[PDB]
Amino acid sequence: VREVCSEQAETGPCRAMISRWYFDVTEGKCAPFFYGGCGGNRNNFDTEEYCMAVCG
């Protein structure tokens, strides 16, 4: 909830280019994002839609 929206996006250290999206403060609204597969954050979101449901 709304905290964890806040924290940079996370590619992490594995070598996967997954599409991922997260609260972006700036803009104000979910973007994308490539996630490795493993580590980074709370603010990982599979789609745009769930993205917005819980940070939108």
The other form holds:
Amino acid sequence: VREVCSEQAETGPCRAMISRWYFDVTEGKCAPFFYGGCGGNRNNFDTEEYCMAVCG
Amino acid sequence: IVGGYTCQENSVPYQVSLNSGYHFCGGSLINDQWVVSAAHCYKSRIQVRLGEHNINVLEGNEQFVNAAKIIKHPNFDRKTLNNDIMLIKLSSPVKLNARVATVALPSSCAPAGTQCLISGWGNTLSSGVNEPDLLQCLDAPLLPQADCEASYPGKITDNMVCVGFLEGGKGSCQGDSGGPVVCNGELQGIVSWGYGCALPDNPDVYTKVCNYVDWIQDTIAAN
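Form deposited without the partner chain already given; the form deposited with the partner chain bound follows:
Entire complex below, previous chain first.
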């Protein structure tokens, strides 16, 4: 749903190691990243399928 | 752990790995059936792995137990990270021995200048990702509350304490949350948050466990 999909990926300040997916706007595709468990932002989806389904 | 050393095997026998398919947070064994960790490490299926040294090789020493109850503190605040602590009740008691043991809860709140040992399998680089196979260790001090407040102005509550080096170069990192900070043989802190990993003037802040000893004790009792 686009505004979410332009935000830069963010780990946040917490120190857990959760693999998440974010949409990358230059490359037009969901890429994986590591999320720390708190904070961060909306470009943070649990799967590739759900990420491309929102932003692709 | 950025800037630490590999722990001698089975020297941190109370260190556990919380696992859901992959390692995502650490924890501490405080008796045969309960594990303490950070509340932001909540998931609904958690498997606790005890006796681990190399997290990617079956070594023969390990015990794998599923989490039967996960209880976060009632006042955990997901925005400020105030009261970031949770208890896990294992489905069965573990078998205690040379490489799987308990750590003592605090007798009192350790003063500034105490040396602590922080351990974990979290990322080892400040820029980039490198997940160690083997448990890392770090010797660091508790900072004066003032230094801690001055580094994170307005965001430190009475339930938080900072450990580290204001010069940067060493510090816990992603994958280390929930892990033990033991000072003088007592569990004084739980790895929680910081900005970046090992960046100057951004030390590690931990949940101050000495403020929760009656909560832990009463929660074990009630269930």
